[PDB]
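A.B. asks: Listed here are the chains, written in short residue letters.
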Amino acid sequence: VXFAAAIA
Amino acid sequence: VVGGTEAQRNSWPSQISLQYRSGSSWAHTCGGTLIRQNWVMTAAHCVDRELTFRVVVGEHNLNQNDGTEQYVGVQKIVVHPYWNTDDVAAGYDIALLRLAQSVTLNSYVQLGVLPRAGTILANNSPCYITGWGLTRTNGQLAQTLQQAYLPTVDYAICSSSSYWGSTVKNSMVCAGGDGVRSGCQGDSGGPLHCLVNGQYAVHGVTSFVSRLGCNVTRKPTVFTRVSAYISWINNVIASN
Ligand SMILES: [Ca+2]
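Line by line, the protein sequences are chains A and B. Every position in the first sequence, counted from 1, becomes a number in my numbering once 110 is added. Every position in the second sequence, counted from 1, becomes a number in my numbering once 9 is added.
For reference, chain A alone in the conformation it holds in the complex:
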């Protein structure tokens, strides 16, 4: 938010 950069 994946895995986190969130993806946008």
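No lab work stands behind these hints, which were simulated from the structure alone. Any given hint could be a false lead.
[Stated by the list, open to error] Derived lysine to any residue pairs resembling SDA-like cross-links, with alpha carbons at most 25 Å apart:
1. B:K178 x A:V111
2. B:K178 x A:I117
3. B:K178 x A:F113
4. B:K85 x A:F113
5. B:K85 x A:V111
With chain A fixed as given, assemble chain B with the ligand onto it according to the hints.
C.D. replies: Chain B with the ligand only, in chain A's frame:
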């Protein structure tokens, strides 16, 4: 961090590795910034779930003993109340973590200086991003802390349709966008260190990138603008 290099050990003593307990061991998931001896600043999307977290200060190598690490539990997670898990582009991607114990400061562990409330950097201001994230889109984590030069892209440029358009908000800082250097998976929650009047301060909390990839030209890495949350931060600290 794509396009970066291995940082030296004393360059970014405020960087921490956020990790969740996974069975026998722990797992790097995010970055963060030590802002008090017992408080860390990270992204809300990193701590959205109910897991057991710890932060490592004085970390350099994720899976080797650097001799400098303090492994500190997170007792409290404080997400910004307006954070919306399903709309990162709305902003408010920030959270504070009260540590179970206070850390000891040394040449490898220091508080990260934050900017004054409302500070907006001029365009193309010099900054570095740091973290253990992927070193290429769809690659693997960096074992050693990486840094990349990542100058700011001001709001007027970053919110134009060729860049992020309406996806970026004024409560954010964009940086990079040259197609060579950027933040990448595993960097989020970490700092953007920007050099102003000779000294560094953490102006950003890494938040998001393009679905097309990390180092995508005209899709600079987007950070929560720390200077927009200074009063919220101080009052979380003062109330806990
Ligand atoms: Ca280590």
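A.B. asks: Evaluate each hint against the coordinates.
C.D. replies: Hint-by-hint comparison with the structure:
1. B:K178 x A:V111: Holds - the C-alpha atoms of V111 (chain A) and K178 (chain B) are around 19 Å apart, at most 25 Å.
2. B:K178 x A:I117: At roughly 15 Å apart (the allowed maximum being 25 Å), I117 (chain A) and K178 (chain B) satisfy the hint.
3. B:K178 x A:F113: With a Cα-Cα distance of about 23 Å, the restraint between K178 (chain B) and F113 (chain A) holds, given a limit of 25 Å.
4. B:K85 x A:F113: Roughly 22 Å separates the two Cα atoms, so the pair holds.
5. B:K85 x A:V111: This hinted pair holds, its Cα atoms lying about 21 Å apart.
In the structure shown, no violation is registered for any of the earlier numbered hints.
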